[PDB]
Every structure is written in structure tokens, then in C-alpha cells.
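**Student:** Chain by chain, the residues run as shown.
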Amino acid sequence: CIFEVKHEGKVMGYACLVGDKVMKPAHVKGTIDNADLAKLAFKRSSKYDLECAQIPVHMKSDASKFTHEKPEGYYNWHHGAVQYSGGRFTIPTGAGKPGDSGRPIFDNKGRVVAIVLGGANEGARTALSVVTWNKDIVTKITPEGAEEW
Amino acid sequence: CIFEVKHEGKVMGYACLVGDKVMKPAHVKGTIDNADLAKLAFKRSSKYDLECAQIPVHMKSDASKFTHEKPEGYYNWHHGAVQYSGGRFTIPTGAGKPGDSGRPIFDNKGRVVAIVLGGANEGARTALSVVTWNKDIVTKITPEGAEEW
Amino acid sequence: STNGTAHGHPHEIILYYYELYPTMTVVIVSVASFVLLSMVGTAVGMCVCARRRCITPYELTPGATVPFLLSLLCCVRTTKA
Amino acid sequence: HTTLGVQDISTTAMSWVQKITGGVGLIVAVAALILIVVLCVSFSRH
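Chains as they are written, first to last, in the numbering used here: chain A, 1 to 149; chain B, 1 to 149; chain C, 1 to 81; chain D, 1 to 46.
No false leads were slipped in.
Partial list, derived from the structure: chain A residues whose beta carbon lies under 8 Å from chain C:
{"#": "1", "residue": "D20"}
{"#": "2", "residue": "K21"}
{"#": "3", "residue": "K43"}
{"#": "4", "residue": "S45"}
{"#": "5", "residue": "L50"}
{"#": "6", "residue": "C52"}
DEER-style ranges, computed between Cβ atoms:
{"#": "7", "chain 1": "B", "residue 1": "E144", "chain 2": "A", "residue 2": "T67", "range": "16 to 26 Å"}
{"#": "8", "chain 1": "D", "residue 1": "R45", "chain 2": "A", "residue 2": "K43", "range": "17 to 27 Å"}
{"#": "9", "chain 1": "D", "residue 1": "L4", "chain 2": "C", "residue 2": "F34", "range": "16 to 26 Å"}
{"#": "10", "chain 1": "D", "residue 1": "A31", "chain 2": "B", "residue 2": "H79", "range": "54 to 64 Å"}
{"#": "11", "chain 1": "A", "residue 1": "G73", "chain 2": "B", "residue 2": "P71", "range": "21 to 31 Å"}
{"#": "12", "chain 1": "A", "residue 1": "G73", "chain 2": "C", "residue 2": "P67", "range": "33 to 43 Å"}
{"#": "13", "chain 1": "C", "residue 1": "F34", "chain 2": "A", "residue 2": "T67", "range": "51 to 61 Å"}
{"#": "14", "chain 1": "A", "residue 1": "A124", "chain 2": "B", "residue 2": "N108", "range": "47 to 57 Å"}
{"#": "15", "chain 1": "C", "residue 1": "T5", "chain 2": "D", "residue 2": "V38", "range": "45 to 55 Å"}
{"#": "16", "chain 1": "C", "residue 1": "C74", "chain 2": "D", "residue 2": "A29", "range": "15 to 25 Å"}
{"#": "17", "chain 1": "C", "residue 1": "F34", "chain 2": "B", "residue 2": "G123", "range": "56 to 66 Å"}
{"#": "18", "chain 1": "D", "residue 1": "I34", "chain 2": "C", "residue 2": "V26", "range": "31 to 41 Å"}
Calculated from the structure, these hints are not laboratory results.
Think of the CB as a built atom: it goes at the ideal place given N, C-alpha and C, for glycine as much as any other residue.
Given the sequences, and given the hints that come with them, work out the whole structure.
**Tutor:** Rendered as C-alpha cells:
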């Protein structure tokens with residue numbers, strides 16, 4: 001589900017197969033290091049700093065769900081455990097750096113819950129700026145003073 | 001309830017006694033290998049790629065009721081176990097070949113859940129292209145790139 | 001001499017050219033060309049606006065189609081697949 | 001005597017045809033603005 005964006009042979013960010021689309025932050029330079037994915041036609045969206053396309057039928061089995069269901073508690077992400085509460089995802093400051101955009105925040109059943117775009121440092125913890133699903137539609141939560149990773 | 005369509009002495013697909021009609025995919029060449037069934041008058045329907053007729057009174061006890069009820073999980077079919085999830089039936093690629101159209105996908109109580117028409121190969125698994133019942137009415141789900149069996 | 005009939009419709013309209021002239025018609029033609037350019041510019045703007053409408057709905061999922069069709073055409077033809 | 005710069009008549013008829021052109025341009029201009037207005041509403045909604 002996770003694929004890496006390379007630029008001049010160097011990993012800049014990541015791309016993710018969530019739902020039935022293929023995501024990757026718009027700000028990330030490079031092209032997805034995967035033939036099938038690279039040749040796709042992406043639709044940019046500067047508001048969300050998102051850039052989605054549709055998953056080829058032969059990889060659709062490789063997507064990661066998603067879900068609007070996110071009860072206060074702890075979620076999972078590559079660097080550890082994210083914490084959700086008060087309508088805000090946070091992490092121990094330092095555990096997320098530039099070049100982590102695109103990385104999904106899974107729950108314990110594997111459903112992708114949000115996609116990190118950047119984070120605002122508010123001391124001990126950093127409030128993440130994420131792309132999250134509402135009732136059915138996509139949304140973007142950006143804490144005051146976010147630093148786009 | 002299941003009867004085989006033969007063409008030049010060769011099984012092409014199947015025919016099924018569901019509800020009070022006698023079904024068989026329209027695309028299947030041949031004639032039902034059963035006197036009583038073969039002499040019937042079928043009504044073709046190219047939208048549904050279906051071709052139904054009515055079950056003779058002496059076989060009506062032999063029909064199979066169907067169902068719109070299909071929760072994510074595993075279903076049964078002649079070659080093994082089909083898997084349903086994300087609104088898509090799939091199987092291990094290779095376990096379904098041309099000449100399997102018409103074969104029903106039963107659940108564990110025997111209710112026919114869908115009827116295979118063909119499948120699209122998407123790697124490890126093949127998403128089946130089936131005829132399935134909605135709230136009450138028939139429907140057809142055809143995954144992108146299906147190969148009509 | 002040369003009769004500058006009125007019409008009609010147009011026809012007799014070009015006849016006036018002979019009456020008071022060298023010019024007249026060429027300027028009118030230029031004006032017509034300008035009008036055509038305005039019409040063409042409007043259409044180009046309209047198509048760009050139609051994209052602006054189709055935007056958002058470009059990312060992405062269940063929700064038109066629907067739009068579609070209501071759809072100008074393009075809506076729909078993405079809606080596909 | 002007379003010879004002067006128009007325009008003049010052939011008037012009426014002339015206006016009949018002229019009136020047909022440019023109206024649609026105004027329409028698409030207004031529609032464009034309205035679309036922008038709605039877009040701003042969406043931007044505000046977000």
C-alpha cells in the first residue's frame with residue numbers, strides 16, 4: 001500500500017493506496033517508484049495539498065481502507081502511536097519530521113484513519129495536520145501554525 | 001437446480017432453477033442438457049446478459065430460492081470458497097476458467113447469492129463479474145477488465 | 001446611379017456600399033470580427049468555468065456522475081468507469 | 001449637402017440584427033461571476 005516517491009534517485013515522500021484512489025502529497029517532488037503507479041493521471045488539489053488518482057484493477061486488492069470511525073484513543077503510524085482526542089491527532093514532538101507526509105495513520109484493524117500532511121509544534125506534543133474522512137467525504141484538519149512536512 | 005448447457009457435446013456453462021424461472025447466461029452457447037428444460041421458450045435480456053424462462057410445474061419443487069443478503073465473508077462455489085468484501089467477490093487466480101459462467105455462488109445455507117459471468121485478473125486474486133440480487137431486483141457487477149468466461 | 005436599395009433582409013444592405021463608400025463595409029467587417037472574437041473569448045471562458053465547476057468533483061469518488069445528469073455536457077462526458 | 005458620418009437608420013432593421021449579438025456574451029460573463037461567487041462560498045464553508 002505504501003510506495004515511495006523518488007526524485008533524482010532520492011526518496012522525497014510517499015504514496016499510499018487508500019480506498020480506491022492512489023494518494024501522495026502534492027508538495028512532494030518526484031514520481032512514484034512503481035511503473036503501474038507512475039504512468040497514472042493524477043488530479044491535483046491545492047486546498048488539500050493532496051494529489052489523487054485511481055488504483056489500477058490489479059492493485060486494488062492492495063489498497064488500505066479507510067474509515068470515518070475514529071474514537072478518542074491511540075492510533076498506529078510508522079513512528080509509533082498517534083493519540084486522538086478533542087478532534088486532534090498528536091504525537092511526541094520530534095517523532096515526525098519533514099518527509100513524513102503521505103504516511104497513513106492506521107487504527108488497530110488496519111483501516112487508514114487519516115493521512116499526515118505536516119504538524120504544528122505546540123511543545124511537548126505536536127498536533128498533526130491531516131487529511132481525514134468525514135461522514136463520507138474527505139476533509140483536512142490543520143492545527144494553527146502547522147509546518148508542512 | 002443446476003443443469004448444464006452443452007454445445008456440440010461440450011459443457012459451455014450452466015443453467016439454474018432460481019425462484020420460479022429457469023436461468024442461464026445469454027452468452028452461453030448450447031442447449032440445456034435436459035429434455036423438459038431444453039424445449040422451453042426463453043426471453044433474452046441483453047442488458048442483464050440473462051435469459052430466463054419459467055420452471056415446468058413438475059420441477060418447481062426443484063428450484064432454489066436466492067438472497068440479497070450477503071455479508072462480508074466466505075461463500076461457496078464449485079471450485080472452492082469465494083470471498084466477499086468491499087462489494088466484490090474474488091477467488092485465487094486460476095481457480096476459475098472459461099466455461100464456468102452460469103455457476104452459482106451459494107452461501108452456507110444453500111441460498112444462491114450471485115451467478116458468475118466472468119472474471120477480471122488483478123494478480124493474486126481475480127475479481128468476479130457476477131449477476132447479483134439487490135433489494136429485490138437483479139443486478140450485474142463487472143470489475144474493470146473482466147474476461148467473460 | 002448605382003442603386004442603394006434597403007433590403008431585404010441584408011442583401012440590399014451591401015448594395016449601399018456603392019452609395020458615399022470606399023471603406024464602410026471593411027470597417028463593419030472588422031467590427032464583426034471583433035464581435036466573433038468576443039463570442040469566442042466568452043466560449044473559452046465558459047469552458048474554463050465548466051472545468052472550475054467540475055474541479056473538486058475531480059477528487060474523487062461516488063458523487064457524480066450524478067451531477068453528470070444535470071451537466072454541461074462536460075460532466076456527462078467524464079461520467080467513465 | 002447631407003453627406004456626413006453615420007450611423008443612421010438602415011436603423012431599425014440594423015438594430016434587429018445587432019441586438020442578437022453580445023447578449024449571450026453578457027450572460028456567460030454573469031454566469032462566470034456567479035460561479036466564482038459560489039466557489040468563494042465553498043471556500044468560506046471550508
